[PDB]
Amino acid sequence: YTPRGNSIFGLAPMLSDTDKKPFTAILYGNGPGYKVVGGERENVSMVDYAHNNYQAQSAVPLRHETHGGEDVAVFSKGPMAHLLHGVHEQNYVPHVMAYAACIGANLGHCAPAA
Amino acid sequence: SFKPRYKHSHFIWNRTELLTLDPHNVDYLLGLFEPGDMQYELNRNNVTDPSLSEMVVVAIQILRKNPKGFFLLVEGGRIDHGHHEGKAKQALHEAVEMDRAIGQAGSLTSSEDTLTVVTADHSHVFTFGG
Ligand SMILES: *[C@@H]1O[C@H](CO)[C@@H](O[C@@H]2O[C@H](CO)[C@@H](O)[C@H](O)[C@H]2NC(C)=O)[C@H](O)[C@H]1NC(C)=O
Ligand SMILES: *[C@@H]1O[C@H](CO)[C@@H](O[C@@H]2O[C@H](CO)[C@@H](O)[C@H](O)[C@H]2NC(C)=O)[C@H](O)[C@H]1NC(C)=O
Ligand SMILES: *[C@@H]1O[C@H](CO)[C@@H](O)[C@H](O)[C@H]1NC(C)=O
Ligand SMILES: [Ca+2]
Ligand SMILES: [Zn+2]
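Keeping their order, the protein sequence lines are chains B and F. Sequential numbering from 388 applies to the first sequence in the authors' numbering. Sequential numbering from 258 applies to the second sequence in the authors' numbering.
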């Protein structure tokens with residue numbers, strides 16, 4: 388619930404209401420930023436959290452943070468870009484691109500019909 | 258299929274289609290007049306099959322459109338067949354027919370901007386004399 392304009396690498400406005408320590412707006416699900424000094428999670432006001440290499444805190448420790456299964460956006464401009472619409476499967480994308488450039492299996496865009 | 262979006266392609270297969278054509282309306286032409294080699298000029302079906310000269314004319318009539326100019330390859334290829342078979346009268350009639358076609362090419366273009374070149378790939382062991 389950060390205030391408008393808050394730096395993307397900054398802290399959230401008021402502290403945790405559980406352990407009275409602050410937290411960054413950015414947080415990972417898992418990954419190496421999970422840091423627990425003792426049995427407590429790390430008071431971040433000490434360390435340089437807008438540093439280049441600062442690792443935001445996560446829920447689960449891992450060598451490496453993981454991917455996510457959510458969906459992703461497709462941004463499209465140019466000829467036939469509107470064929471890229473709605474929720475689709477990922478393999479749909481090059482089929483549009485091929486169709487519109489008149490390459491691949493379907494050369495329908497370059498048919499003499501209209 | 259590989260032709261640009263708003264262009265006219267035909268495919269013709271007989272002599273009637275070849276002279277029906279309007280060369281102001283055909284961007285891509287494909288014409289395959291026999292299953293294999295075409296008929297010797299002295300054997301040709303006046304009706305279903307065009308002479309070499311007929312094909313050269315509407316070929317130039319199409320290719321004259323492009324304002325950058327054109328390149329055209331013409332092969333009187335059945336002279337080789339005629340000599341290979343030993344049948345001089347066919348081989349010599351094929352050569353005369355390509356000559357006719359060379360005469361046509363001269364009236365449809367001008368020597369000011371067209372370089373044309375007549376040659377042969379090789380010869381035969383054809384002689385004449387006594
Ligand atoms: C997290 O660390 C900060 C900074 O070390 C703590 O804030 C200071 O707290 C002490 C005493 O609690 C005060 O005397 C200081 O004035 C505070 N500010 C600074 C800039 O030092 C904070 O209390 C710590 N939180 C927890 C839960 O340990
Ligand atoms: C030359 O080719 C044309 C077209 O390929 C032939 O025209 C066909 O004529 C028949 C009737 O005899 C029609 O049913 C077909 O629909 C026509 N074809 C097309 C593609 O429209 C013509 O008969 C041929 N002529 C010779 C002498 O072979
Ligand atoms: C071709 O047409 C001429 C008409 O003058 C005819 O004499 C000749 O026999 C014909 N030959 C063939 C093979 O069609
Ligand atoms: Ca034929
Ligand atoms: Zn040969």
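Do not rely on the hints blindly, as some may be mistaken.
Quick list of simulated restraints, FRET-style, between CB atoms [as the list claims (entries may be wrong)]:
#1 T277(F) - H469(B): 51 to 59 angstroms
#2 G473(B) - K260(F): 30 to 38 angstroms
#3 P261(F) - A437(B): 23 to 31 angstroms
#4 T376(F) - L470(B): 50 to 58 angstroms
#5 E291(F) - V474(B): 34 to 42 angstroms
#6 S463(B) - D378(F): 52 to 60 angstroms
#7 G397(B) - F259(F): 27 to 35 angstroms
#8 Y285(F) - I413(B): 35 to 43 angstroms
In silico negatives: residues of chain B with every beta carbon more than 10 angstroms from chain F [to be verified]:
#9 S403
#10 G416
#11 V461
#12 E476
#13 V480
#14 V483
No wet-lab data here; the hints were simulated from the structure. A virtual CB, placed ideally from N, CA and C, is assigned to each residue, including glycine.
Against the structure, the hints:
no. : hint                                  : verdict
1   : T277(F) - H469(B): 51 to 59 angstroms : violated, 41 angstroms
2   : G473(B) - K260(F): 30 to 38 angstroms : holds, 33 angstroms
3   : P261(F) - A437(B): 23 to 31 angstroms : violated, 55 angstroms
4   : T376(F) - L470(B): 50 to 58 angstroms : holds, 53 angstroms
5   : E291(F) - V474(B): 34 to 42 angstroms : violated, 55 angstroms
6   : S463(B) - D378(F): 52 to 60 angstroms : holds, 54 angstroms
7   : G397(B) - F259(F): 27 to 35 angstroms : violated, 57 angstroms
8   : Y285(F) - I413(B): 35 to 43 angstroms : violated, 59 angstroms
9   : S403                                  : holds, 62 angstroms
10  : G416                                  : holds, 48 angstroms
11  : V461                                  : holds, 25 angstroms
12  : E476                                  : holds, 27 angstroms
13  : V480                                  : holds, 23 angstroms
14  : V483                                  : holds, 17 angstroms
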